[PDB]
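Here the complex is missing one protein chain, while the rest keep their positions.
Labels run A and B following the written order; every chain starts at residue 1.
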Amino acid sequence: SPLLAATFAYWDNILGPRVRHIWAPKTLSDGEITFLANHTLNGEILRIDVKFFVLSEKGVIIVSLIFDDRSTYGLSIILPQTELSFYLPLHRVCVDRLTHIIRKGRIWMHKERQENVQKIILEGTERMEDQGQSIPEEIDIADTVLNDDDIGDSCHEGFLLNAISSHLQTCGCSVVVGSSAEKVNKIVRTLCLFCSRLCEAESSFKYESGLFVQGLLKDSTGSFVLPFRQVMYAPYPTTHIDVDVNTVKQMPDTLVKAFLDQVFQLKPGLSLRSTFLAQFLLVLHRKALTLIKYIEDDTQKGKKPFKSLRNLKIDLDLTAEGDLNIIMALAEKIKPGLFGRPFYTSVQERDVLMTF
Amino acid sequence: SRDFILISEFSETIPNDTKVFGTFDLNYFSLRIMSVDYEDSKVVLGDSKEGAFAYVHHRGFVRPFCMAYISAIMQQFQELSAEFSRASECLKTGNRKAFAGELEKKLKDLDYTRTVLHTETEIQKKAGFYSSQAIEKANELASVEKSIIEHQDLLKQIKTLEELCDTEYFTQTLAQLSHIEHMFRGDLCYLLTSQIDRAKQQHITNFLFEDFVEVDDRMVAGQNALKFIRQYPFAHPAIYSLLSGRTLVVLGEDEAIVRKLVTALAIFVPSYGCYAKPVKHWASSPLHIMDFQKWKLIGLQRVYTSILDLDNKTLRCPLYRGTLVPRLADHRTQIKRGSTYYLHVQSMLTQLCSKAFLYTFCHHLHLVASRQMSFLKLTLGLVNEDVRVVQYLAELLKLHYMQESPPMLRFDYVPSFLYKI
Partner (left out) sequence: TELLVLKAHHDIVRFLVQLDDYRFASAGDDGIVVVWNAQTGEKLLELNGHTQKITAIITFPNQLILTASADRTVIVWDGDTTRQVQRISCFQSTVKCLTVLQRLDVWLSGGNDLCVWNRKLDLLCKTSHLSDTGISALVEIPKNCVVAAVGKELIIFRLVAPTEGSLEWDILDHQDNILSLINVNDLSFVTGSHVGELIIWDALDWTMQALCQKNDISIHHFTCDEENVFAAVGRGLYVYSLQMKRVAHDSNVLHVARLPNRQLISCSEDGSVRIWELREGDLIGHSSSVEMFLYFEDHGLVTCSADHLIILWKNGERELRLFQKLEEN
């Protein structure tokens, strides 16, 4: 639905109308796509890039690109202007997928690889993903967790500790078992989540590009290849949180977050308990901002050894540094990412750089 | 670097902000790319000059004008779009005013041409085909005036203004420049603070809950603040008496000691829309009456109210304090200094507020009641003597929720021990 029609920029001589619409074979109107593609390619000057065209006149958010070799190329995605607030949170994944599908076939000697139908086949997957991605009564859950405190509460604490670690720093979970998506929505609309944790978890399950929950109806197996998942996007803040019965996640630890879950379980009510989790998120964000400010006021000089001394001295002012400081470090590393700047990046990301 | 002005409305354009030679070398290219595909459009298609990311916004009958914003991402873009919308609206209003003025001038010129043509016809009536070019020019002027009037009517249906728009666009960019990486963070923090302060509760059940807990409760700047909290002997009992609710007045001879007390006011918890109305710094006044008939923050000149003189300072209970005073004083005794202590204090304050909220909820949902309340306090919310500030904040938030904000004070029967030396 949001993906109206895709196109391929062929700027060899002048321009090439290589349009590949969705739900219809090709290379709102027929010529409108070609006109928008020509308008987007007319501004392509002579020297992997990115572009954006929020055309409010005709109502087409053409997120076009610029690819290079022998001539100039590019991929264009025409989307209506009615999904302005919808495409922005999904732009970080769409641009990454476009760059990934365009990098395969970008060389200087010979990078053809029969780029005739494979590009359309790869774009169809993203089109279907975007079309499917478009379109939890904790009053009893907390009571059951407080009553049992052996299975449900333990699994919740384990999931929170896994999502508050470097392995799942940004909503690391794909699928566990069954089709009960209640726990996914609970983990989404609570702490240890991202969109303000409102547009992170959605449809298009089964190993999507990037999201917060992929709770498909997996009643037989995982519906995915473990080596493929470990070779595709393993160097990333994502994990396989198996919440079937009891299983922790990793990326091939208790912290201060356990006190939060204990307070949630021991606090009766749960009819208007959203204020407490809101205050918890508020103080967590305040601590993250304090940590990033304390890092910035020391790394602003650009000195590399000054960052190590600052990180060593921050352990005294940090409550239970190490195991409990993992979530704080993850937040301080994900806030700017979402010589001084390279040093700060290398300090905030030390084990997440082995993706070569 | 790059200038966050983007003054380019001609591309054939206005000095706003420029410090790099590449600035007004990629600005022309951006303006040309924006004017190539021409209405109200807004597109940001890449950049150049070592990654100088920008965002453009925008003979003939109209003049192609646009405004750019070069800033070396989507959250900041959506944040600046809200201001650029009003900027473009004001620019369109100014352009419509200029078009109305031009249409009035064209109508005056057409009237003058019609009068000249009438005079020429009257002069030629006293003597064949004449004044044909004048009649053609008059007809063309009338057609142009009609077209301008139609355009003005369409613009209305669908100087000072330019200077106001320029000042607005220049003052709105300062916030985006200061929050180039913290705009979305501040936005979400403000939204969360608003959604936490708005709670609005449920029905008469919660009304009676609040009434019952209230009845049961009755029948029983940053740099200077860090510099003062660091170099201060026996600051833990002082901050304990300040946070527990005891009035901490300052006594000094000069005005510097009285002005420094206003810097440490970011730790005291308020009780109403205001913070401290009776605040007479560096002014001799009979504070003996104001200490019991006014707010809990006031100062008096030298020449349960703990007095902090220039040589000594009183305290509420310096024999045994809670773990909050060391946790708040360790930051001043560390490398953390400068625009960080205020945020740390605010985080600790909201954490204490959430703790007192949970304390009230647990105490009202779980001689037998006092024992359970003390057990809950000792299990969480207090360690050694922090069970007083928690109850104080709890009573304060309970009175604030009941729409009853102070002159209800409270006396804490504890040894003063004002030596602190």
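The rule is short, and it goes like this: a contact is a pair of C-beta atoms (placed from the backbone, for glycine too) under 8 Å apart; a residue touches a chain by one contact, two chains touch by 3 or more.
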Item checked: Touch criterion as defined above, residue of B:314, B:347 or B:351 at the omitted chain -> B:314
Item checked: Option from B:204, B:274 or B:289 whose C-beta touches the chain left out -> B:289
Next item on the list: Check each of B:35, B:152, B:306 or B:351 against the chain that is not shown and name the one that touches it.
Entry: B:306
Notebook entry, point to check: Out of B:177, B:310, B:383 or B:409, which touches the unshown chain?
Noted result: B:409
Check: Given the full complex, what residues of chain B touch the hidden partner chain?
Finding: 218, 246, 249, 251, 287-289, 291-293, 300, 304-307, 309, 314, 316, 407-414, 416, 418
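In this section, only the chains that are shown with their structure count from here on.
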Margin query: Using the touch definition from the top, list the residues of chain B that touch chain A in their complex.
Written below: 29, 33, 36-46, 74, 78, 181-182, 185, 188-189, 191-193, 195-196, 199, 201-202, 206, 330-331, 334-336, 338-340, 343-344, 346-347, 350-351, 353-354, 357-358, 361-362, 365-366, 380
Checklist line | Residue ranges of chain A in contact with chain B within the complex | finding: 39-40, 42-43, 45, 49-57, 64, 66, 88, 91-92, 196, 259, 263, 266-269, 271-272, 274-276, 278-283, 285-287, 289-290, 293-294, 297-298, 310, 313, 316-317, 335-336
